[PDB]
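Visitor: One-letter residues, chain by chain:
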Amino acid sequence: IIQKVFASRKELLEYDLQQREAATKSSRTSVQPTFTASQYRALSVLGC
Amino acid sequence: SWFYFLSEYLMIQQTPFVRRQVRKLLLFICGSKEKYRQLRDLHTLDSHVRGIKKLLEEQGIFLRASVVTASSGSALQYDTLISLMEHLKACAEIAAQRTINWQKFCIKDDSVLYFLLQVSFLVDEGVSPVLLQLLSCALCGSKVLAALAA
Amino acid sequence: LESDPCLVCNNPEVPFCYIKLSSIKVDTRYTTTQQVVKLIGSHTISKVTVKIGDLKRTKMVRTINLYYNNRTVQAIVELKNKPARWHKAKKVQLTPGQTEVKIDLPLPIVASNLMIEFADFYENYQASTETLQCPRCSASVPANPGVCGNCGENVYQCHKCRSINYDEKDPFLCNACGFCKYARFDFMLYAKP
Amino acid sequence: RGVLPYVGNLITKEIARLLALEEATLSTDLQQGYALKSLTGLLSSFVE
Ligand SMILES: [Zn+2]
Ligand SMILES: [Zn+2]
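If you read the sequences in order, they're chains A, B, C and D. For full-length UniProt numbering, count along the first sequence from 1 and bump the result up by 3816. For full-length UniProt numbering, count along the second sequence from 1 and bump the result up by 3188. For full-length UniProt numbering, count along the third sequence from 1 and bump the result up by 3526. For full-length UniProt numbering, count along the fourth sequence from 1 and bump the result up by 4202.
Note that these hints are calculated values from the structure, not bench results. All residues carry an ideal CB built from backbone N, CA and C; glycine is no exception. One or more hints might be untrue.
Claimed, not checked - Here are the simulated DSS-like cross-link-like pairs (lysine-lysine), alpha carbons at most 27 Å apart as the crow flies:
hint: 1; chain 1: C; residue 1: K3718; chain 2: A; residue 2: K3820
hint: 2; chain 1: A; residue 1: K3820; chain 2: C; residue 2: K3546
hint: 3; chain 1: A; residue 1: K3820; chain 2: C; residue 2: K3564
hint: 4; chain 1: C; residue 1: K3616; chain 2: C; residue 2: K3718
hint: 5; chain 1: C; residue 1: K3686; chain 2: B; residue 2: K3277
hint: 6; chain 1: B; residue 1: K3242; chain 2: C; residue 2: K3614
hint: 7; chain 1: C; residue 1: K3546; chain 2: C; residue 2: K3718
hint: 8; chain 1: B; residue 1: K3242; chain 2: C; residue 2: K3617
hint: 9; chain 1: B; residue 1: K3331; chain 2: B; residue 2: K3242
hint: 10; chain 1: A; residue 1: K3826; chain 2: C; residue 2: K3546
hint: 11; chain 1: B; residue 1: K3242; chain 2: A; residue 2: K3841
hint: 12; chain 1: C; residue 1: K3573; chain 2: C; residue 2: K3616
hint: 13; chain 1: A; residue 1: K3820; chain 2: C; residue 2: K3573
hint: 14; chain 1: C; residue 1: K3695; chain 2: C; residue 2: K3616
hint: 15; chain 1: C; residue 1: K3628; chain 2: C; residue 2: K3606
hint: 16; chain 1: A; residue 1: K3820; chain 2: D; residue 2: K4239
hint: 17; chain 1: C; residue 1: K3616; chain 2: B; residue 2: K3242
hint: 18; chain 1: B; residue 1: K3241; chain 2: C; residue 2: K3614
hint: 19; chain 1: A; residue 1: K3826; chain 2: C; residue 2: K3564
hint: 20; chain 1: C; residue 1: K3686; chain 2: C; residue 2: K3546
hint: 21; chain 1: C; residue 1: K3718; chain 2: C; residue 2: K3686
hint: 22; chain 1: B; residue 1: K3277; chain 2: C; residue 2: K3582
hint: 23; chain 1: C; residue 1: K3707; chain 2: C; residue 2: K3616
hint: 24; chain 1: B; residue 1: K3221; chain 2: A; residue 2: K3841
Stated by the list, open to error - A few chain D residues that don't get close to chain C, going by computed Cβ distances all over 12 Å:
hint: 25; residue: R4203
hint: 26; residue: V4205
hint: 27; residue: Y4208
hint: 28; residue: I4213
hint: 29; residue: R4219
hint: 30; residue: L4221
hint: 31; residue: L4228
hint: 32; residue: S4229
hint: 33; residue: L4232
hint: 34; residue: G4235
hint: 35; residue: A4237
hint: 36; residue: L4245
hint: 37; residue: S4246
hint: 38; residue: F4248
hint: 39; residue: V4249
So here's chain A without its partners, still in its complex pose:
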């Protein structure tokens, strides 16, 4: 049950991140914040 819950949490978080990114990229004044290779792994669901 814990593994199932973890998978569900991961996918819900990834969808929320994608929706937030899509909402942010619509704005023009706000520039996209660049992340280095390590910062991506820190931010993404890779290190979870």
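Place chains B, C and D with the ligands on chain A using the hints.
Guide: Frame of chain A; chains B, C and D with the ligands shown alone:
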């Protein structure tokens, strides 16, 4: 120009007749067999690396000077990973067969190994083995891998 | 006897195993040239080995198409819809006379429902279509009306479930039970839960 | 004797800890929120 455009033609799919004739004239023109094999290897690997870089270009992964930067925190999709994997599998096959040519490439183009190391942090766990295999072929060596396989 | 389950210790390294498709099978549907399968749950498939037995020279598959998706459904007919809800995995072409094929997936796929299509057929048109062997008494019957003169039974009816495919007179697979005369197909999976 | 500010401060502190944990990691805890539930119930008991 002859070797360039000739090797460029060899990778284009056609009937076996022209491929056989063009291979024969390749092994004629390029001095000796080691030379034509080396030229094909280097050209193929350069094309594969350009393909990988363009594929990562499409999704916001940019190698500016020597650092790989990403704009999106969202992971990549299955099609992107499969297109990465085809190129990487070709490179891994040739690097595991004739490692000297792969090493010579990595010497000539200095922004390949570090690019692979940086990109290994962004791709999922299913593509790490081939990237690590390329890194080991470049740095660890060929005879060492052969001894380890024993 | 631990309060907080430790992800390191609850997650060991499970290796891949060879599982037959029918063992994970829950529900199936068959059409003239396509097959839809649902498994008991999700699986990480790596290789698919397919065996052909009792094949016929009249017709066999030249190109095999594999599709997958990870959406759980209760009815196969709901997911039978072709375009919207599938992801292509690999296209394999077969030399004539092949009995075993090794569909090797470069990336393991996490799938719950699977789809197998016979995209192209290597066909032998030398077979007589005007006159057909009766499925019941092996009597030669003309194509029209397809009713045997030796026993009064139809020809387009399935040899297994006795269902007549009025739409396609000669389907590769039966539309009711899925019986196939041209060949018999068995599937293997290099997968893990 | 001044126990209401004490309980309120405890509730605020544990809520802040919960938010800080939520921002960073994704681990599960089957006993999460028990202390906050107890403190809120105690405050309601004092308040009714
Ligand atoms: Zn008959
Ligand atoms: Zn039938």
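Visitor: Could you work out which earlier hints the structure fails to respect and list their numbers in ascending sequence?
Guide: Violated hints: 5, 9, 10, 14, 21, 22, 24, 31, 32, 33; rest satisfied.
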